[PDB]
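What you see is part of a larger complex, with each chain still in position.
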Amino acid sequence: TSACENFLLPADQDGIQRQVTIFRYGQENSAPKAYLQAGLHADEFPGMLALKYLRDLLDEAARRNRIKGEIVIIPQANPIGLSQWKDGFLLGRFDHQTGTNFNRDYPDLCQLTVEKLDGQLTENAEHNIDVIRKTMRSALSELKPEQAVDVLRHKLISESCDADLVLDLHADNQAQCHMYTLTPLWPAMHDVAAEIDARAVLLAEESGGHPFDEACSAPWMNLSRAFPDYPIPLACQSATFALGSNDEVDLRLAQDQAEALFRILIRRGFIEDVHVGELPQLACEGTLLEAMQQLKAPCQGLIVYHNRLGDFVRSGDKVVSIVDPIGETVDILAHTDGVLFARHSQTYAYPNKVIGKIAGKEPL
Amino acid sequence: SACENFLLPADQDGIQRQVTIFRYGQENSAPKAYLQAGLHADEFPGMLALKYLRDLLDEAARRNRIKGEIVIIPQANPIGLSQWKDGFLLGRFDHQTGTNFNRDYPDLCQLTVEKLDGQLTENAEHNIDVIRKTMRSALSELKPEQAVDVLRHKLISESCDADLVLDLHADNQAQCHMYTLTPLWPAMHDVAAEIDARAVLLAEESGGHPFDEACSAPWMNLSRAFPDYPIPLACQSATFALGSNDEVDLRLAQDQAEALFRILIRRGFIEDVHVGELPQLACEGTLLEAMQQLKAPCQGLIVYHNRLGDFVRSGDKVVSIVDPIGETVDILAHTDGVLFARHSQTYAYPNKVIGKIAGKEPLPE
């Protein structure tokens, strides 16, 4: 019913080897392929519990012989970060050994495949998809990473680059459910945004230092541009789901998110003999990431919020203040109209700390 | 208001920090109160409460209503306050020594009992002044070198001779609760009621010499060392956990500042103010040894089955540890009581304390 791989990473600075546990629910290399992972930031929990419950649903779908394609589930994509305790707190965002962000510095599969594809593309889009996916797998086989974190990033992209559907499950420090995707995959991924009840959908073609979701979807956009004489569709539809707050561990929520992910899999042809019915109403519009305001602390001090999580705020509104208990108070204003979909869990600032997010429409 | 900026020795980066101390009233006047917050630099509610208590005291000072000496330290630990790692503030342990900021305070009984051998009389007030003077002398003789030892030394040097000491703290996820010396209960019932404690935890001696016990324990221990002399519990100290570490709220901090102000009035620090009827205390004093620490026996997601503040019964499933790629382990209450604390970070390592139940029967654990 379910295959299990334990992929072993090379030893860290303490001589410790870690494993990535990967579950597969379908026929290997079959039909449509889905990839779902959680816990790439090891201190972001909601996705971990949601995929535990999605597995319970898929075990039943497997027993009933209703799995159509290949579904790949990784509830804890980052066993390195998961071990990084300091003074009794888990710091799962950055790699101790390299200092790098776990959701950065993924391979650029356009840069790795453009030369190889020069003579292989044709007028048949489906053919180009198979050629590009095969080329991507070959290009990754040629890379030889040495550090556990680079080997981990390599494995995760090697197992996801040829998928039709990729969902990277994340969380923010204090936030409402929200989604990120590639600009041209909107509104294609309207259904997934609606099912997971995103309260913000943030669009970009190219963001920061090569995150996982863009590593999966961007290559199809960049290859389409590299080879404009050939049909290259956006074959891999990836998104990042921030499912809630980092510490939001709740049975009801995880079960509801597992059921939503199951409904997404049904709608996209991974499950048969199950009815989905009407798509839920999406509570927000897609906006550009560059139109999103990061609220930053201009100084150190207590973070005092004047708005609740999810409040609509307008340009000029006082949203948060930094209070020095032995000094001055500094007021921070909204510079755009939008929804305060994120704040922060730790209510003390250092200068340039991002302490909140407003999803607006006008680029900043 | 007087302001002192006490300078700590430079750290490993050659950086010196200051402890900012505010004083209201005349030096050495009448009764003495000491209030500090942020000894654990990641525990915020007390920091904001003392900011607002200062606003109230500035007005009391303008109106010439301060009777004794009130010492306010909103951020008692500027070392911990600088300790950022991967964007998170880790303010509980000192990064040079690895020690807990609220442990390893001096034992002022051990430091004064020899000196006091020939100095005590049948006059209680005399003994209080002699013991306080001896404590100050004993501390003057100590020469700490590490910034954290210098910090602990300064904080006890400025508080040991106070009549009232309130150490303002927080827990990772908790209701307002209080700790004090067993024999100071019910003496400190009024302060517990004003701050709306939902648990009062009593001990004569706890862990490795925390600040509140460093202030009040010496009077109990000297009373026992010299049973032939009147030695009252002259320094009434308590720890207030004012809420969750990250519970920063205007309304709450203003309410806590007003409660602290009312405590100062009741205990004779503020003139020309009537307080009136004491609020109802929501809990009984219980022993710290009757408190259950809920521990994770294994790593995994922390799933709570009880809300913060629920009354739970022995045998109840209160919390589960869930391995998202493994097994689930259920954690049971071993005592009836109030779940006054849980935890903010919902993932465990083995032996992690993930919650606290205030019970009445002492536990053998």
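Order of writing sets the labels: A and B. Residues in every chain begin at 1.
Throughout what follows, a residue touches a chain if its C-beta (ideal position, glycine included) is under 8 Å from a C-beta of that chain, and two chains touch if they have at least 3 such contacts.
Novice: With 2 chains shown in place, count up the copies in the whole assembly for me.
Specialist: 4
Criterion: only the chains that are shown with their structure count from here on.
Novice: Taking each chain's centre as the mean position of its Cα atoms, how many Å separate subunit A from subunit B?
Specialist: Here the centre of subunit B sits 42 Å away from the centre of subunit A.
Novice: Show me the residue ranges of subunit B that touch subunit A in the complex, using the header's touch definition.
Specialist: 20, 22, 37-38, 42, 44, 47-48, 50-51, 74-75, 84-90, 92-93, 246-250, 301-303, 322, 324-325, 344-347, 349, 352
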